[PDB]
Amino acid sequence: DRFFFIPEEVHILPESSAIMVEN
Amino acid sequence: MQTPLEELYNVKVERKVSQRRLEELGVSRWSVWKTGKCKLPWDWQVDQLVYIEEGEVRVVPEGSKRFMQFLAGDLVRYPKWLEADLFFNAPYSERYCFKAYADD
Amino acid sequence: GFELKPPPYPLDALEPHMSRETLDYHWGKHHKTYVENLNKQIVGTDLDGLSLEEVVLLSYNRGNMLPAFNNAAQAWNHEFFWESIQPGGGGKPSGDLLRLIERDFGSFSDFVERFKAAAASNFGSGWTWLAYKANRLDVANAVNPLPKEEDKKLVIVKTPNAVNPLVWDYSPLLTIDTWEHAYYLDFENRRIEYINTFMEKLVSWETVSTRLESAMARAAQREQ
Amino acid sequence: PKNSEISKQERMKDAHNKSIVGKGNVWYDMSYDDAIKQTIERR
Amino acid sequence: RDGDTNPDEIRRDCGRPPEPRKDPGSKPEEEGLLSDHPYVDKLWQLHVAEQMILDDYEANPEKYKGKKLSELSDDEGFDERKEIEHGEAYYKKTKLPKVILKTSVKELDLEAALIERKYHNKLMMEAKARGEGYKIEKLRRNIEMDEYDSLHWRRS
Amino acid sequence: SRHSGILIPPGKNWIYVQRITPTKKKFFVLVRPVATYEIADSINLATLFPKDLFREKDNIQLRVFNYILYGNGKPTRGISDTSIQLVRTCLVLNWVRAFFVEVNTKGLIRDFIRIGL
Ligand SMILES: [Fe+3]
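Residue numbers (the entry's author numbering), protein chains in the order written: chain L, 665 to 687; chain F, 37 to 140; chain X, 47 to 270; chain S, 573 to 615; chain H, 365 to 520; chain P, 737 to 747, 760 to 843, 855 to 876.
Keep in mind the hints are simulated off the structure, nothing from the lab. Among the hints, a few may not be true.
[Claimed, not checked] Using 20 Å as the maximum straight-line C-alpha spacing, the simulated DMTMM-like pairs for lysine to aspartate or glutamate come out as follows:
| no. | chain 1 | residue 1 | chain 2 | residue 2 |
| --- | --- | --- | --- | --- |
| 1 | X | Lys-179 | X | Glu-99 |
| 2 | H | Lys-446 | P | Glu-861 |
| 3 | P | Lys-799 | P | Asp-789 |
| 4 | P | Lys-805 | F | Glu-43 |
| 5 | H | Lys-432 | H | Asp-473 |
| 6 | F | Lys-73 | H | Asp-473 |
| 7 | P | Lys-799 | S | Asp-606 |
| 8 | S | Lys-609 | P | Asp-800 |
| 9 | H | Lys-446 | H | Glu-471 |
| 10 | X | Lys-138 | X | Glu-148 |
| 11 | F | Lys-135 | H | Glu-393 |
| 12 | F | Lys-73 | H | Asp-400 |
Chain L on its own, in the form it takes in the complex:
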């Protein structure tokens, strides 16, 4: 009678990708 949807943005990237955001 109720269903839920949490919004999460996920990026799957190669190991050699340059990440410009810190953990």
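With chain L's structure known, arrange chains F, X, S, H and P with the ligand on it following the hints.
Frame of chain L, contents of chains F, X, S, H and P with the ligand only:
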């Protein structure tokens, strides 16, 4: 064949019914059924008395190539266990009454 | 264990319209035998404990009548018949019954002629009924979405042998017994005179009016 | 039988449905007639 | 003989029994009542013909200049005997048979339909001006279909 | 508590509380509402049929089936400029051939789909 469909199928008809007979039967209290141009298949499970008030119907018994024609003013008794197709080609109006065993 | 009730009047009170000899045989032998045979068919069965109306519906079995139906229906029919007549009967009804009769038959005189003709043309043994038709069918798509209030009307119906309008969920209001034992000692073959005597001297319209109130309340309870 | 006419027809409508719905779980089912009254009641 | 084509008629001419059939196994008194009047399918066709004629009147009123809608006539080639034409149509790759139902303009009551159409347009406009929506629950022809159904249901 | 995630029911939206532990000695709490969607068991389909006064018993019967397009806990990926449908409301025929019906009058055409048993 030579024998008319009304004789073969035991369809009693009283064309040009007098008003006296209508009042003896109490036709004024009968229910009303009407239709336009259409096609009605039916298998009679009891006898039905029909007084046609307007229009005409052509009745084709099951498997038949001929038809019976009844016009406004006719009183028709369709027998029990009759299977037929009723055809209308114009506005049609009738008053009917279903009769169980004995009754009328 | 159903019991044979006596008629609501002394057995000599219907003279000369219905003789004591007729009542001695109709009630004392025919009606008594129906109750006695019914009690033998119910004892030790599931038909025990139900009212006579329930027994009639159960034994009818939707047309495949069980052995008890003929005794049960006849026992109910005769009890209904004895209450339909009184020592000072006949005349005209009034109240809501007269209004309903005129609505569904035109006039009281028209209704009497139609009722007498139905009782005369009933071939063989049977009963002729005035019933209040407020039936419900046990089939699909059988309910009127927009009732017109004229669909609950009075009807004259004939039944053969032991059949009564209860098996079609009608509400009987009046009956006359057209089995030959009901009139043969008083009128011999003259069933017309017996029917005419019933409607002019015997019929109890106050009982018919009383039964109409219960039938009307039966339909009212269903509609709520 | 895998070549039976029943098997061929059963697999046919599975593909026709999957091209519309797919892998989703049946949450709750309701008849059309009872799914119209409730809409009338809410409206 | 030559005229004896219906076996049921032949056996009634003599005293011979009917052609036997397998028992259906169902009691006729226990079946549901019938209420679908056979004429309703014809009323539906007339209903659709009026509605699409009304729509064209709205969209292209320049065509309907100087002619009363009751005075309209069918196109040259209208055969009253060919009201049903059977055919087949292709939808994408699927091919479904298609039936064409020819309808006459002289069997339609466009005078009453137009007043009903204009009456509902006014209510739609008034609802729109108030920031509300308007829904039509049923039209005269839909009500006409129910009264024919009621007559058929009463007969059953 | 030590539980990685606690879901708080509304005492307007449900709240999912999750403990996040960047280092062995430091942790914090992230509070996220979810969606609180209710699927209406009343899908408006009086748009289908005129709801006749009488309805005969039919071997055929329509059905309204609610369909959650994605599995429990499965990701819903959003492509740019395209909206994600989460629920489909399909009609299931149960008890049949389908073909077109065309009504024509004075150069006017109106298609129909006739589904019968
Ligand atoms: Fe008796």
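Against which earlier hints does the structure fall short, listed by number upward?
4
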